[PDB]
Structure formats: C-alpha cells, structure tokens
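S.K.: Below, each chain spelled out in residue letters.
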Amino acid sequence: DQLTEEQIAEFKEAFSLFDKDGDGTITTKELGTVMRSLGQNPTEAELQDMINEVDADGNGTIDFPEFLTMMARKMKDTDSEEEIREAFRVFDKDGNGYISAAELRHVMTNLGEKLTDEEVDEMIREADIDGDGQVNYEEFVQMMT
Amino acid sequence: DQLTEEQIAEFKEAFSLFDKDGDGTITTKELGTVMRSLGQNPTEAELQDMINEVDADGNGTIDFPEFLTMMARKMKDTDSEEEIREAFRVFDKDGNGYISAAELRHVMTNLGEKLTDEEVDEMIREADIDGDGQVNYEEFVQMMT
Amino acid sequence: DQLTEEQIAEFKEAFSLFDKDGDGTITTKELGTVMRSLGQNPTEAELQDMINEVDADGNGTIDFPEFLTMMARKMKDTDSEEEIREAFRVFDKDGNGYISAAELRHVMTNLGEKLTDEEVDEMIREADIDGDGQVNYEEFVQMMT
Amino acid sequence: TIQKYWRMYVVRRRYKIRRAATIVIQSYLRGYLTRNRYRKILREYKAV
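Chains as they are written, first to last, in PDB author numbering: chain C, 2 to 146; chain D, 2 to 146; chain E, 2 to 146; chain M, 820 to 867.
These aren't lab readings, by the way, just hints derived from the structure by calculation. It is possible that part of the hints are untrue.
For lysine to any residue, the following SDA-like pairs were computed, each having C-alpha atoms within a straight-line distance of at most 25 angstroms [to be verified]: (1) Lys115(E) to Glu127(D); (2) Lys21(C) to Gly23(D); (3) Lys94(E) to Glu14(D); (4) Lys94(D) to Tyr834(M); (5) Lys75(E) to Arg106(D); (6) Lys859(M) to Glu140(D); (7) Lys94(E) to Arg854(M); (8) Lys865(M) to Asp22(D); (9) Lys115(D) to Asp20(C); (10) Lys835(M) to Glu7(C); (11) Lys94(E) to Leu18(D); (12) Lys94(D) to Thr28(C); (13) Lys21(C) to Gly98(D); (14) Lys21(C) to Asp133(D); (15) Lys865(M) to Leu4(E); (16) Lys94(E) to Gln143(D); (17) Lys75(E) to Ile9(E); (18) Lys13(D) to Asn855(M); (19) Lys75(E) to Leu4(E); (20) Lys859(M) to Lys94(D); (21) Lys115(E) to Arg126(D); (22) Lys865(M) to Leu116(E); (23) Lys865(M) to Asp78(E); (24) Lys13(C) to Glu45(D); (25) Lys30(C) to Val829(M).
Quick list of the computed label-pair ranges, beta carbon to beta carbon [what the hints assert, rightly or not]: (26) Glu84(D) to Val121(C): 22 to 32 angstroms; (27) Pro66(C) to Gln49(E): 57 to 67 angstroms; (28) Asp122(C) to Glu87(E): 56 to 66 angstroms; (29) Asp118(D) to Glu82(C): 41 to 51 angstroms; (30) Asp80(C) to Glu104(D): 32 to 42 angstroms; (31) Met144(C) to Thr26(D): 48 to 58 angstroms; (32) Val91(C) to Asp95(D): 39 to 49 angstroms; (33) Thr5(E) to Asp50(D): 33 to 43 angstroms; (34) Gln135(D) to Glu83(E): 27 to 37 angstroms; (35) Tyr99(D) to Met144(C): 28 to 38 angstroms.
Some residues of chain M that are not near chain D, with every Cβ distance over 10 angstroms (derived) [as the list claims (entries may be wrong)]: (36) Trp825; (37) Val830; (38) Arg831.
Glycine included, each C-beta is placed from N, C-alpha and C at the ideal position.
Kindly generate the complete structure, drawing on both the sequences and the hints.
M.R.: Following this line, the structure appears as structure tokens:
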C-alpha cells in the first residue's frame, strides 16, 4: 500500500543528495537524475512534458513535493517488461534472439532520444566490443532490470 | 577460523579498557564501542548480524570466551587498505586523488548512515574538517587509522 | 573489622607521627601524607571522596578507627607492579622498555590529576635524570617498588 | 524504449555505488572518532 512513512524517508534521502541548502528544492536539470536514481523509468520527452509546467528555458528550480507528485503517477505506470522485448525484437540480426552491434550504434546514436559519446563508452565496455559483434536481448533485459 | 595468542592479546588490549573491574564480562551494548576501538569499521546492522551469528542478547552480558567464540565465527571483513580507497575513487576531482571537503560534508550529512549535528561538533573539534578546501585520499585514509 | 593485630599495630605506629597528641585523631591535612606513607597510592579526588564519605561539613579532623576504615576501603584492591610496567607500555614508541622525557613531562603535567612544580623537581633529583631524552620503565618501576 | 531503460540502469548503478561508498566512509570516520576517544581515555586513565 502507498505511503508508509519509510517510503517517504527513502525517496527524500535520494532527493537530499541534490539540494545544497536544505530548503526542499533542486534545479529542474536534476529532476531526471533523482527519479532514475530510485530506478523510475521515464523517457526524456516524458520529463519534458512535466517541465513545461515550471521552466522558462531548462535552468529553473522545483520542490520535493512537485517531484514526488510526478513520481506518484509514474509509480502506477507499467514496468515496460513486455514493451522492452517488443523494442529489442526489431533489432535482432537473424531471428535467433541476437542484436547486431551495427544496428546497436544506430539505436544508440541516431533513432529517438539517443546517447552522448562518454556514456556510449559505458555500453561498449559493458558489452566487451573490440570489433564486429552481437548480444542476446533476453539476457540484456535481465541485466538492465 | 581459529584464533592465536597475539590476536587474542590485541582483542583484550581493546576489551580491558571497558572491563573496568576485570569481571571478564560486559553488557552487550558496549561491544560496538569495543570492536570500533579495535580497528574494525562495521555498521550497526553488521554488529547486529555478528550478534545473530551467536544467538546473543544485545541487552544482556557477554563473557570473554563466548566473545572469542563470536570472533571465531566473524563474517564481516572491515580492515582493508584497498576497500576504503575504492569508496573514495567515485569522489575524485580528476583522477589524481583530490576530494572536495565541502561536498564530502554535504554527502555525509544527507545520504546513507548520516552524521548528526553533535557528531559534526565532535568531527570539527577532533578531525579538523576543512569547509573551504580539498584533501588527497591517499593521506586522508592514513589520518583516520 | 578487616585487619590483624600486627597490621593494626603497624598502621597505629605510622599514624602516631601525624596524630601528635596520642588521643587517637588526625588532621585532614596530613591524611594524604600518612596513607601515601603506608604503601597506598591514592589520587587527590579519592582523598576528597574518603573525607566526604565520613562528613561533608565536618571539622578537618578524623578518628583513628575512621582512618582504619579508609585503609579498609583501599586494602581490597589487588595492586602490584606488573600493571605499572604495562601502564608505561602505553607511552613507548618502539616497545624498547622506554618512555621519552617530553612524553613523561606531558603525562605528569597535562593528563590526569597533575604533579606540582616541586613534586617534579624532587622526583628529577631522586631519579638521576640528565637531558630531555628517554627513561627505561623496567628500571624505573624497580626503583618505584 | 531501450534509451529510457539504459538511462535508468546507469544512473541507478552510480547511485548504488555512491550510497555504498558514503556508508563505507561514514563507517571508517566513526571508526576513527571511536579510536581517538579510546586513545584519549586510555592515556588519561594510565597517566593517573
């Protein structure tokens, strides 16, 4: 059941990493960071939807209860457990369950919300890639879960 | 594992500061103070688990051979020169070992097993904690020996 | 009653240097003097306690049986020189059997109840000390016995 | 759909690392403060 006291404590600790006065507010830039630190799973465009209620150019400020209000609705949304398999199904090399490294560069750096260079490095080191290559998506979903 | 004379002597070099009448037994609450004085660095939860590994009452008393029987079952390692360095590596300024003192004060008061205001009074008086500067972690570990 | 006739005689003989009238009563001013003479090593605060245990307003005067009762309060303590050899080990740099003259000066005049200027002068003269060096605690406890 | 999940994974991981590291540093510091009080008390007591 929602909102036993200890839930609010755990979520407020994660927020208290980012506030540097103790006034209960953060910059809008770190809203995605606190949310994903707790393992909540929104898109960039889904964060942008909320930020249009509060920010003049992407450099504003936002209270703990505003963040927690967005989180309260996102905590009833689905875990994407079916959705991530439907996504990876598209990028299989031959239908045996294995994503190609070539397609994966287009998935990282061209399609959708993309990834920046120094965190594409992270996925290359996670996958042990020194040339042409591949990865099983059921295993990779299990690892990202 | 089994235990040896010089280690048992060092364990009593801590314990006999607290066994004030030489009873050979202490009320179990003080065991955390003894073990931290002895150079192990466990959490409260690990002190509770090391009590759980011998079925013991935290509100009772613990005689010295039963304490040595716990030490022969001891499960949490907490003395390693490398483990504490791994913890500092994520706070490095550029890869040359520098730690921002003000940021460390913020994080240690707002995340994890947080420092209280009276512990900050004590820490100021007894660890000389800078509010303007920075410290290189290699020396800083060996200052806290 | 806690002393043999031989023990009572020994303590009465010594007490009769500080009682000066033979009526069986001492001034509180020499109470420390007679106890320190009769093998005891009482702290300043322990002399204060033992007087205020008898009377907290009083008259600066104590009966011989009440003095023997202060000796009885001490004589339970299993006091012997090996724990004193161990006391100096806490101030040894090498384990060589040696305390530095600087650390000894700090020990005597910063920590604890504290020796006075003349108690230091008197001890230095008796000890055959020469220069701000180091002093062997095995030999010194042999002299202190 | 993959990009949201990877953003979650790496941030959640770096939060766990920093929270664990913080707890380790707090534990080592409470270790030091205990050892300093022990060293002071012991010296005072043996000096007397």
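S.K.: Next step is simple, just say for each hint if it's right about the structure.
M.R.: Against the structure, the hints:
| no. | hint | verdict |
| --- | --- | --- |
| 1 | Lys115(E) to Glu127(D) | holds, 23 angstroms |
| 2 | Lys21(C) to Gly23(D) | violated, 50 angstroms |
| 3 | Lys94(E) to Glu14(D) | holds, 17 angstroms |
| 4 | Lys94(D) to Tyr834(M) | holds, 17 angstroms |
| 5 | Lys75(E) to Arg106(D) | violated, 50 angstroms |
| 6 | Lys859(M) to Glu140(D) | holds, 22 angstroms |
| 7 | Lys94(E) to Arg854(M) | holds, 18 angstroms |
| 8 | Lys865(M) to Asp22(D) | holds, 15 angstroms |
| 9 | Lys115(D) to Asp20(C) | holds, 15 angstroms |
| 10 | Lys835(M) to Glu7(C) | holds, 18 angstroms |
| 11 | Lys94(E) to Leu18(D) | holds, 20 angstroms |
| 12 | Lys94(D) to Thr28(C) | holds, 22 angstroms |
| 13 | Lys21(C) to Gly98(D) | holds, 23 angstroms |
| 14 | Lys21(C) to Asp133(D) | holds, 15 angstroms |
| 15 | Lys865(M) to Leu4(E) | violated, 30 angstroms |
| 16 | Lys94(E) to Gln143(D) | holds, 18 angstroms |
| 17 | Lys75(E) to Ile9(E) | holds, 15 angstroms |
| 18 | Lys13(D) to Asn855(M) | holds, 18 angstroms |
| 19 | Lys75(E) to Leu4(E) | holds, 12 angstroms |
| 20 | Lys859(M) to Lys94(D) | violated, 34 angstroms |
| 21 | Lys115(E) to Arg126(D) | holds, 24 angstroms |
| 22 | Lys865(M) to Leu116(E) | holds, 14 angstroms |
| 23 | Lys865(M) to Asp78(E) | holds, 16 angstroms |
| 24 | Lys13(C) to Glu45(D) | holds, 22 angstroms |
| 25 | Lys30(C) to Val829(M) | holds, 17 angstroms |
| 26 | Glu84(D) to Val121(C): 22 to 32 angstroms | holds, 31 angstroms |
| 27 | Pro66(C) to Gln49(E): 57 to 67 angstroms | holds, 60 angstroms |
| 28 | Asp122(C) to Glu87(E): 56 to 66 angstroms | holds, 59 angstroms |
| 29 | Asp118(D) to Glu82(C): 41 to 51 angstroms | holds, 44 angstroms |
| 30 | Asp80(C) to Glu104(D): 32 to 42 angstroms | holds, 34 angstroms |
| 31 | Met144(C) to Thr26(D): 48 to 58 angstroms | holds, 50 angstroms |
| 32 | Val91(C) to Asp95(D): 39 to 49 angstroms | holds, 41 angstroms |
| 33 | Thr5(E) to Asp50(D): 33 to 43 angstroms | violated, 55 angstroms |
| 34 | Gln135(D) to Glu83(E): 27 to 37 angstroms | violated, 49 angstroms |
| 35 | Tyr99(D) to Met144(C): 28 to 38 angstroms | holds, 33 angstroms |
| 36 | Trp825 | holds, 20 angstroms |
| 37 | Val830 | holds, 14 angstroms |
| 38 | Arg831 | holds, 15 angstroms |
The structure is inconsistent with the numbered hints 2, 5, 15, 20, 33, 34, although it conforms to all the rest.
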